[PDB]
Structures are given as structure tokens and as C-alpha cells.
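The chain below stands alone, shown as C-alpha cells; this is the form solved without guanosine-5'-diphosphate.
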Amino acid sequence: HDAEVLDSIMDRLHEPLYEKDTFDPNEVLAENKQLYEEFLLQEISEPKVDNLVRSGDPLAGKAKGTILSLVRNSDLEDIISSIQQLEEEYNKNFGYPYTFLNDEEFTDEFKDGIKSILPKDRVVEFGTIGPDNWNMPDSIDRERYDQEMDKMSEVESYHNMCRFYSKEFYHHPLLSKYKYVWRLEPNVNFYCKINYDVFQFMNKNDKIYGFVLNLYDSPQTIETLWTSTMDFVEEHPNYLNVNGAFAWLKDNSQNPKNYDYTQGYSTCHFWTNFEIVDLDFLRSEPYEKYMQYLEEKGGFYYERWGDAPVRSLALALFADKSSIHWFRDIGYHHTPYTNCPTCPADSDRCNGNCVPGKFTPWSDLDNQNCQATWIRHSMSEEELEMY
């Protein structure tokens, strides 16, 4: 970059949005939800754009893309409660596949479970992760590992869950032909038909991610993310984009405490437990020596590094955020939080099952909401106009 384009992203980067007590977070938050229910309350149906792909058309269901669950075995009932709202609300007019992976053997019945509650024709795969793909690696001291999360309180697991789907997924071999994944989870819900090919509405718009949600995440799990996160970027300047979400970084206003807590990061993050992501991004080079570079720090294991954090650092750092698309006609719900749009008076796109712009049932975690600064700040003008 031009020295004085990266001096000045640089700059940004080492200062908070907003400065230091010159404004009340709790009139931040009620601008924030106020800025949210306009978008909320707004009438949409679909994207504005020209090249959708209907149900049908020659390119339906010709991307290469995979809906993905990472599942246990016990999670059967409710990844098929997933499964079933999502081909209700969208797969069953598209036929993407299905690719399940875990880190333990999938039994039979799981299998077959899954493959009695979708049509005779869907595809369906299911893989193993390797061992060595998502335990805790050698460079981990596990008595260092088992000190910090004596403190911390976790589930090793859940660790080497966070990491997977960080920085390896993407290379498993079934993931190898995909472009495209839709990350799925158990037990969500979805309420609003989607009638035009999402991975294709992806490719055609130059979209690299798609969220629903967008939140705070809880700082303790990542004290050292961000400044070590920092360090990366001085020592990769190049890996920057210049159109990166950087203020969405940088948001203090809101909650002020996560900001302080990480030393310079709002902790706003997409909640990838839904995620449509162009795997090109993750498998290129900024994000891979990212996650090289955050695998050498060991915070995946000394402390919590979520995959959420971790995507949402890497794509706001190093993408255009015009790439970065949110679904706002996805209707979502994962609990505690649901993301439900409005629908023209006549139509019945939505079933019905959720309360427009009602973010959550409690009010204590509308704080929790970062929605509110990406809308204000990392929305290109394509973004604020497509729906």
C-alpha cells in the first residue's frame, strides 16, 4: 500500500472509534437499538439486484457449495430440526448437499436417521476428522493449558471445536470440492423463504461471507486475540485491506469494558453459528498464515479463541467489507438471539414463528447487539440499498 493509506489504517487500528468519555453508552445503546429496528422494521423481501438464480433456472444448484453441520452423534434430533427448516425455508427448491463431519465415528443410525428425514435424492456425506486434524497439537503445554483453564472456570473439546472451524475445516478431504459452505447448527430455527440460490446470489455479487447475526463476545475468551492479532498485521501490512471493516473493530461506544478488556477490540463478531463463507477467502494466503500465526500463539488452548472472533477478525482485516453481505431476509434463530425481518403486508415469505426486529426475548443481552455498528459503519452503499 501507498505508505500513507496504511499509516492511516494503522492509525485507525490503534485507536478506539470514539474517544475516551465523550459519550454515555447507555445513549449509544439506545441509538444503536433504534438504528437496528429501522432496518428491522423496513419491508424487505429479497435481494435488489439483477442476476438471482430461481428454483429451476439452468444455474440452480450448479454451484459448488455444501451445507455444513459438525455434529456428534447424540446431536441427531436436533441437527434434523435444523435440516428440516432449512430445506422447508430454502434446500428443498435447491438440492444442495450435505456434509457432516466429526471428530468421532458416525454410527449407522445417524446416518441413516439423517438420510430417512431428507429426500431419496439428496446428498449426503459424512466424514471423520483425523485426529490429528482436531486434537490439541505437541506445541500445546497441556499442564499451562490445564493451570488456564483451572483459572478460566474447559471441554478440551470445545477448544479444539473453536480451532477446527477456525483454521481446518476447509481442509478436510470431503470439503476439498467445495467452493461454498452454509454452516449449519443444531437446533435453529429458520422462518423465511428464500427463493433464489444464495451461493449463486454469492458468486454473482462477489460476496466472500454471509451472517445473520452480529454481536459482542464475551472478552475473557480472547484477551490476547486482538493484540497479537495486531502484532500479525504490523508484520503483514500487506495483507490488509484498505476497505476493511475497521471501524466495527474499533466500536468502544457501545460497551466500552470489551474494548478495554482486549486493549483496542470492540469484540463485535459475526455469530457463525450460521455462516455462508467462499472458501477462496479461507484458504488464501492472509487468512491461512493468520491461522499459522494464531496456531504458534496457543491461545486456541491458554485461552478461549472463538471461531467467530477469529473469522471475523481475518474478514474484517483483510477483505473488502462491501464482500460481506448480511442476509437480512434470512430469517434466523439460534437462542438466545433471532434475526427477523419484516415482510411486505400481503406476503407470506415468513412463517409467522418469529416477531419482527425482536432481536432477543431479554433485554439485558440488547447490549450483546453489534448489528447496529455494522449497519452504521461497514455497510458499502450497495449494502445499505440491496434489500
Second form
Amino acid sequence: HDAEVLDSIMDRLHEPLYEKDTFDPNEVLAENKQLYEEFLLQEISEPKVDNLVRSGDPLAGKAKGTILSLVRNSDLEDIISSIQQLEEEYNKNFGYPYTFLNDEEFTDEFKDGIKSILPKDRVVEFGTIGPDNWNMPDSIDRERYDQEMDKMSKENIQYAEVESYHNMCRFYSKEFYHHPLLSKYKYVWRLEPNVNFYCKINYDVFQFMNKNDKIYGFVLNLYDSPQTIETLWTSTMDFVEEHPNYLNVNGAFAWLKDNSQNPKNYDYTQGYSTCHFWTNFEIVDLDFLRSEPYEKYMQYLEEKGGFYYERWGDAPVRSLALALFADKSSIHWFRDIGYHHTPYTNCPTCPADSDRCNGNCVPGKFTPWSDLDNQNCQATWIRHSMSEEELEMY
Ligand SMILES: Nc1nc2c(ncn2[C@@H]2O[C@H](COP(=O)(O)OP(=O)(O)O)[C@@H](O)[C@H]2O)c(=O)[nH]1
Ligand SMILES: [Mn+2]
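Moving from the form solved without guanosine-5'-diphosphate to the form deposited with guanosine-5'-diphosphate bound:
Starting with the chain above, the whole complex follows.
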């Protein structure tokens, strides 16, 4: 990096995007909702690119990709519900395989249940995660963990004292892509139990990613609970000071530094908006996660112990890495993928004579609870992270 370029990136990473007192968060929220609405109420259909791979084209189905779910035996019914919707809106026409992972062994009744609801030719694989690749490591002082998570539960932080949740966040941050079953894939579509898909997708999504050089796909973009991640930003800035060469000059820096809608988030973390891609859905190019900057960052966070001493989610961790170490024009917003996971929905608008969406979601309604409208970070991403080529992609 040219030293001027780097200094300029470092200056932006060390100041708020908006100066104190030059904005009112209520007016910011209103303008952000209007910008969001202008996008969600725009009639769209499919990406406006000429290279889409249709069902039954020679490249259809040929990406090295899998639908991935980390689930418990007890999630069988809820994951089935998700799978049926993903098949109906997408995968029945493309036939990508499913990979299931669990920290316990899957039962035969789990496997049989999954198979009973899929076509006979659909490939399914089931894997167990080795205990050393899941459990709290020896580096952690369990008694400190207990005391930190006591304090945290008084603040009412969800799952603070659920050890499995900590393990999950860490596994989805830094380990899942090392599981042996995934060594043969370049792409994953992450699927969680109890989600909904609303709109038909008539192109191969992995091939779209590959052909248009996208490393990451998302649908929803949110603020996080700052008390789960008290020191994640400050640690991540220490890592970046030690490895400036990992910075991408076209990183999503404004999105990380936007203090205007939720200034108390930014103050609590001492410099991070807390905006993140909401990873319960994600399309991901595993070559990025396997790359030196991502793996080194993961090691650094492992050493800090914040997966256990705090409640660091996979979503902010993945999102910091993507924003700092990759070109933001490589991160695609799948406007067309109508999708819900409680309590939020991406519900796009179709042309009047289209039957592409099934009508089970209300277009543009992010959430039924207007108090949570200020948890939407999508306006920040639209305003600061999308250039002309992204803005005109739908
Ligand atoms: N195998 C396994 N899966 C887990 C465990 N805890 C969470 N998950 C899965 O990890 C994903 C995220 O967890 P979830 O409970 O949905 O958390 P939330 O979406 O963050 O509320 C989902 O696919 C869960 O099924 C666990 O202890 N074992
Ligand atoms: Mn979930």
C-alpha cells in the first residue's frame, strides 16, 4: 500500500463517519427508511447481467457448491420446513446437494426424515464435528467465562450463559469450512431451521456468483447488540494496525463507521456501527474464508477469547472481515431472494403481471414491530457501499 492511501484508510477507521451533533438520529432513521423503501418498492425480477445460467443449461448445477445446515437432531421438523421452501423456490430446478453438520452424531431417524422429503436423486451428506473442533478450548478460563456470562445475563443478553451458542458462533466464524465434507466445495448456501423463502429464483446462484466475481451474498443487514461485542472492534483495530497489507482499498469502511442512526452503538464499541450481514442466510465463496487474511484474523480472535469472555457472533466477525479485507463491490445484495427469519423479512416487489413471488410476504415490510426499524442497516449499505454497477444490478 501507498503510504498516503493507507493513512487515509486508517484515518477513516479512527473517526466517526458523521461529526458529533451534526445529525438527529430520528431524522436519520426517517430518511434511512425512505431510502430503504425506495429500493424495496422498486419493481425487480432478476440480476441484469447477460450471463445467467438457466435450469438445464450445461453449466446448471455444476458449481462446486452445497446447501449447508448446522443443526441438531431435535431441529428435524424445522429444518425440513426450510428445505421444502428452498427446494420449491430454487433448488428443485438446480439440484445442489445438502450437507448437514452437527456436534453430536445424527440419528438414523434424522437422516431418514430428511431423505423422505427430498427427491430420490438429491445428494445428502451428514457429518459430525470432532469435539476438539467444537468445544470450548483449554485456552479459556472456565471460571472467568462463568462470571462474565453472569454479568452479561443481568444485562439480559440472549444466550449469554448458553455454552453451545458460544461454540456455534465460533464454529460458524472459523471452523465450518475446515470440516472434511466441505473440503470439496467452493461455495456454501447456509440454511437455518424455520426460515421462509417467498420468490422463485430461476438462475443458478452459485454460477452467478462465480461468473460475476462475487464472494459473498446476503439479504438482510442489521445492527448488533453492542454488549455482545464490547471489545471486538478495538481488538480488530489492533489486528489491522499489525497487518495493514490485509486491508482492501475498496473496503466497506463507511458502513463500519456510520454513527448516525445508532450513535450509542458506536460509542459503546468505541468506533463500530455494529452493522453486519445477517448470516442466518449467506452465500459464501469459501476461498475467501480460506485466505490468509481471514484465517489470520480468526487466529487473532481465538487468542483474545472473546467468543467466550464476550458473546461474539459469527455475523459481526464475518462482516468485519468482509468489510476490511475485501472489495465491497464483490459483496452482493440478493434483492430478489425473498426471505424471512424471525423477526425480519426481505420482501421485494415484482412487476404487475409477474407470479415470481408467492404473496406470503408484504413488499418492503422489514418487520411488523416498528420499534425494531432502527435495527436495519441496509440504508447505510445502499448509501455508502453500492456503486453504480451494484445499484443498477436489479
Ligand atoms: N448441531 C448444533 N447446531 C446448533 C447448535 N446451536 C445452534 N445451532 C444451529 O446453528 C444455527 C444458529 O443457531 P440458532 O439457534 O438458530 O441461533 P440464532 O439464529 O442466532 O437465534 C442454526 O442452524 C442452529 O440449528 C448446537 O448446539 N448444535
Ligand atoms: Mn436461527
